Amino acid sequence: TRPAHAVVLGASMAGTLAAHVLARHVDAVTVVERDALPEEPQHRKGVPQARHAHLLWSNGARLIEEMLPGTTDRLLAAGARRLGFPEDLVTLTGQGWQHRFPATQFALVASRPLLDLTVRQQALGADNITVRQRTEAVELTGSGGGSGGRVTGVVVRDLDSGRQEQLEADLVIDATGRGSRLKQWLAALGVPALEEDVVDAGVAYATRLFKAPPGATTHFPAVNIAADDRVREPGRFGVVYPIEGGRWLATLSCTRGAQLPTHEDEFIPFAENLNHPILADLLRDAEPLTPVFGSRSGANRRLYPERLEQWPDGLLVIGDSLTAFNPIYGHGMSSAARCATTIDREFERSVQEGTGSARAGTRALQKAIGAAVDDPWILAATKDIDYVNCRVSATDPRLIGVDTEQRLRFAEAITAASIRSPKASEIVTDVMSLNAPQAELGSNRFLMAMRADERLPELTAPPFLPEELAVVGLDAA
């Protein structure tokens, strides 16, 4: 019959959105979060990735705005910036500088603690949501393996008292992120292993927070620098994003085989060694506020519970626990929002009575969630699969059934069109913002746009406007 109590494990972006949506369809929702959740925008140990630059692409932003009206204005009122693409970015691709065409998509940029707080404030206020902070999910309860498995609840431990308690539930949602213990919980119930795809280019991140030149966060673009991506060499990248409070977040990254800064005096020289040194020129006199923070969470990985015949009833997996991506493409929060939107749109259809058990509904929900995360998976995996020394363990025929040399040729063509042809840039910006599938770049429509559109002359300098150079006090020469 119909769920009366849902338990959500984890209260970051995926779990907070999921709890909001589930409270609309289920009598009572409990949220279990290991951290204390701050009432001010502060970093916390359970989301260490929030130290690094975050873009909320228009796909995720619109889905959050639909679920939680007013959120976008609250973010802008608190200093977030709406960055139009490509218009508001100075971007060097492996094919040249991006012409700054009038924006066709956007992303919201704020410090990740402000985004998270603003969302929580909107989403966890409902009267039928109970948030248990400083509480750790320990294992799942129920039975697994052949025929009739079901999850009936969760063992939780209060971290202040050390006391463990059994939390019964009709539906359990794992939103505990890339560090989820899900595989261990499933093995303990007797559930067989999940199918999983990996495309792991060994990407790593190094980030410093800076005080920006006054006014740069409002009147100076974001800047994104990529390698010429010589076929046999690791990629190296850098981005500088404005966030609230007149600060710049600078995130440097590379793929397997290149070295990232780990000491502060190594940071600007890495940016100096990118294909164009502009990031170093911008940061050279900016005031650093933090040491270098690192991340090694850069692999693309995807679990396929929707394929497991022995998936247990009453269990859903969402967010980074289900699938996680190379952060350079910026889709994890959008993918989290898609998971919650999909639950919202499919919950009633899936749980309609008639089958006599929760199996049909659980499996139908997890199958719809699986379809919803396909776009960020195939985008990021396609972009990473041909890096030198990339580790590929995937069954996806879109990836493993195609000629590598053909894919490389396709990719250069798409990039070359996007930077200098406005009609191509619209379609590519749609895909890069997670609003059209990667498959659209192989369509008749896109190929025709690539062929028929004008192509502007190559840019020979970063396309800053004069008013922008004035802000940071640089000279075109």
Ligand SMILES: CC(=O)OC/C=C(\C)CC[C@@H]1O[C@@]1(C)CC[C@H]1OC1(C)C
Contents of the next structure:
2 protein chains.
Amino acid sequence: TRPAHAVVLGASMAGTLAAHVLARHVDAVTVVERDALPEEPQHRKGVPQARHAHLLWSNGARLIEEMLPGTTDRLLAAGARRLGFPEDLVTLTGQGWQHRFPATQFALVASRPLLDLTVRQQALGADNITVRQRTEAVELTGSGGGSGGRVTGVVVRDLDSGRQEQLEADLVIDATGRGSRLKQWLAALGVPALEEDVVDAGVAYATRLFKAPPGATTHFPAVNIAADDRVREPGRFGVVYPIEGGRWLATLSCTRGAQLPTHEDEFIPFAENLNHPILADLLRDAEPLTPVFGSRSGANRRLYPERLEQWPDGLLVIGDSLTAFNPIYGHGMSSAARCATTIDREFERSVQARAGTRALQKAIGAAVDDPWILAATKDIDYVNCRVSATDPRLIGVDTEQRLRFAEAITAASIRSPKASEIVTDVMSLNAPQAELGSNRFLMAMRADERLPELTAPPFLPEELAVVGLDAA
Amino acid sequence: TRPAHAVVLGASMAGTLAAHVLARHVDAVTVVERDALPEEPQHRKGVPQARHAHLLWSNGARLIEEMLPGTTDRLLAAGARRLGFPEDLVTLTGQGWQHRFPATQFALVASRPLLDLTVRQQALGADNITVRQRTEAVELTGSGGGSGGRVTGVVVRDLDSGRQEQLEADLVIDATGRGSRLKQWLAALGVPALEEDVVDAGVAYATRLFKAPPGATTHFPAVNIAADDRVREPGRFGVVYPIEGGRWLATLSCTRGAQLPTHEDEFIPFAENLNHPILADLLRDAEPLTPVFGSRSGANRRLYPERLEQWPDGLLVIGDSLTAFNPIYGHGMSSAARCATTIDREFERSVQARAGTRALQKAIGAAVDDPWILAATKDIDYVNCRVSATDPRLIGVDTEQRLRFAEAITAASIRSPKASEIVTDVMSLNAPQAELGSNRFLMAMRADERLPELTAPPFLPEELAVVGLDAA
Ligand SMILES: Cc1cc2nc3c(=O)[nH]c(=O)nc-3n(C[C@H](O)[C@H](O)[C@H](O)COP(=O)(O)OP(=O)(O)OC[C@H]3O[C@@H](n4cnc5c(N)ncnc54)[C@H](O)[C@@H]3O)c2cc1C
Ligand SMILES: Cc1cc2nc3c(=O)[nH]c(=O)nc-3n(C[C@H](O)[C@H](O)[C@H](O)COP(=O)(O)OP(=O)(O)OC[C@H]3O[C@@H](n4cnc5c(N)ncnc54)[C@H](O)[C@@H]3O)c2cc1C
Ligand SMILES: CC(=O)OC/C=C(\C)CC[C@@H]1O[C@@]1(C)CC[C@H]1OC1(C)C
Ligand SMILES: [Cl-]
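Moving on from the form deposited without ligand YK6, please list the structure of the form deposited with ligand YK6 bound.
Next comes the full complex, this chain leading.
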């Protein structure tokens, strides 16, 4: 019969959205969150990635807006900014500067804790959602492997008390992020291991918060230095996004074989050694507000529970636990919104053999293919890249043809409007990566006008005035 | 690599939309249509159903509008009407008259040949679609059976000539309607027979065109008379929709075990023996413009090429040939729009070893599940219904439970606004039928007000003035 009680494990983006949606179809929804959840925008041990820059692409923004009307207006009231792509950015690519064509896509930019709090507020207010903060999921109960295994509940442990308790449920949602022990829990229940694709370029991040020159959060574009020669050299990148409170979030990145700034005095010299020193120039005399924060969670890994015949009934895995991506492309939250979107849209059809949770998990798997195959294609050809994947779209490919086509796509997007719009659709997770091989894109790539090469970064004079620069 | 030439077999609703969509992804697209296609709105031997009432539910209309912008305005320019449900209809159900709540869904109503021509106009004009009229596809070429056979092309026969040239293609789409020889073509090439669910209530139709009282096509609602019972007696129904040209399209229907008006003189007496004589009264002094047209195509059929592992590469089946429904629910065209919509949205992702066509056919099959189980559930329990199906949602269900819930839904839909909106979402193919078992709907069914039972059909006095009637 219908599920009556659902336990969502984890209360970050994936868990929160899935819990809000399940509450519409399930009588009772418990959320099990290890951390205490602040009622003020504040960092916390469970989401350490929140220290680094976070783009909410249009896909995620529009999907969240549909689940939770008013969330965008609430975020912008709080000082968030809607960056239009490519209009509101100064971007250096491997092929040159991006012409700031009129915005055809957008991302919402803000400190991640502000976005998390604003979503929790809109989503977890429901009467039939009980969130148990300071509570840790320890393992899953039930049988597994063979014939017809199912998950019956979850053993949770109060952290402030230390007591343990078995929490029974008809449905269990693992949303415990990239560091999920699902594999451990599954081995405990006697479930055979899952298929796992991995494309790991060894990306790491180093981030500092800065106080921005007055007005730069609204009248100065974001600046991104994303040039790369993947097969010869490890990548080195840098970004400066505006966030709320007149602040600049500056995030530097590299791939395996390169070295990030460990100390504060090494931050600027890394931005100086990029293909253009604009970032070092912008941050030279900005006031630093934090030390350097680091992250090493940059690998593209994807589990395939939809392929496991022994997948236990009543168990779903969403978010970073199901599949996590190279954050340079900023799709983690959008694909979290996708998983909750999919649960909302296939739940009723799936509960009418409990082939309904394996149907849910199958629809969920399809929903996250777009960010997986985008990040895996871009990263697969880096020098030193660790690759362990069965995806035929990656393994049996003529690599030099792949990079020649990669350079063509970038060369078209930076200097031709029709080719730029399609790329932003893919970059904003609103169109599949395969659209860039479509005849439509091939004809835009060939027939559209190509503006001249920008010799200097395309800043408006006003914009250089806001930060006290001119010339290049 | 990508397919280069696609042959769409059939140029009705399914074929035309698929041809327009394939043309966006395929360099060359030929459509093979048996009939000659008129440039003026006219009936034709290939679409004999066009004589009978045709509702374009909101689902189909919005899908067509997105693929072919401007089609809605063109239809209404031609005199079509957008019926708002339930506001613009006078409907008798098994549980009483439907309260004309403000419209929460809509259908486009017009003569089917008018809809056919204006969609062909918007769709087949493309540079890379050549339509060869008066040409019949007779059988398929290629390999087949065992491992992974493929279809190489189609043997076509020029009709005005007697000629018989083979037309090769990378992809072939069977859109030849309910009376397609697909099964013959597949058996000849050695592919095993496909799974087929059928729930056939023996539905037949009898239709007459009438000239409507001046203004009634704009200021008088559609009138729908739907019989109550199913388990004791065959159903007897009638509807009168306004169509373009100040005309009334009147279509009467019954299920197996009843007798339809076969000739002209028993039309009125059949609408006279319905549970309310409003239909016979409305056409008593109207001018009949046609003789009575008949149809016996009322069976719910669903093929499962997504289930056949021996399904030939490069072959797709869409439209009525893939799955056909009891037209009382008016979803055939909406499910055609879905099939081309699904092709358009997963073509690029799937042809990227033709493991892509079997993915397309799986995506298409999912798109047509909603009308299938929306047409099979209502019909499954009719007297005399012949059923041969593997669908667990029909075979393993408590008959009295299905019936008890059916009347509860209708009793709620006719007298409660919140319950009415959800039902119209489902009936207009905008929500899966499983939504009517949702917690959302169950609490709408229980918490929303129930207006008093309507004693008389709910015509406004103004409306009866337009047609010269009064009383009940
Ligand atoms: C450096 C970096 C930059 C990123 N930038 C972007 C970006 O620009 N845009 C974007 O869209 N995405 C970005 N991402 C990805 C994004 O942060 C995640 O995809 C997003 O947070 C969704 O993760 P999640 O909800 O699945 O789990 P997480 O966000 O990782 O959270 C897991 C939650 O589960 C809880 N939990 C864990 N274990 C247990 C347990 N045993 N019991 C109870 N609770 C538990 C944790 O406390 C936490 O609250 C970035 C990621 C990184 C690392
Ligand atoms: C009585 C009745 C009422 C209906 N009412 C509604 C309604 O209210 N709403 C709704 O949405 N749907 C309704 N339908 C269904 C709707 O008519 C169809 O679903 C719709 O026309 C889509 O069909 P199709 O394009 O797949 O094939 P069809 O419309 O049946 O057309 C098949 C085409 O293929 C061609 N063809 C066939 N064989 C060959 C061959 N060997 N070689 C070449 N060409 C060939 C034919 O000439 C024709 O052009 C109704 C159907 C019937 C029978
Ligand atoms: C980096 C490379 O060659 O990999 C292939 C590139 C692909 C598949 C598309 C990515 C776009 O080329 C990028 C990186 C430029 C877009 C940015 O200008 C923005 C701000 C819209
Ligand atoms: Cl991190």
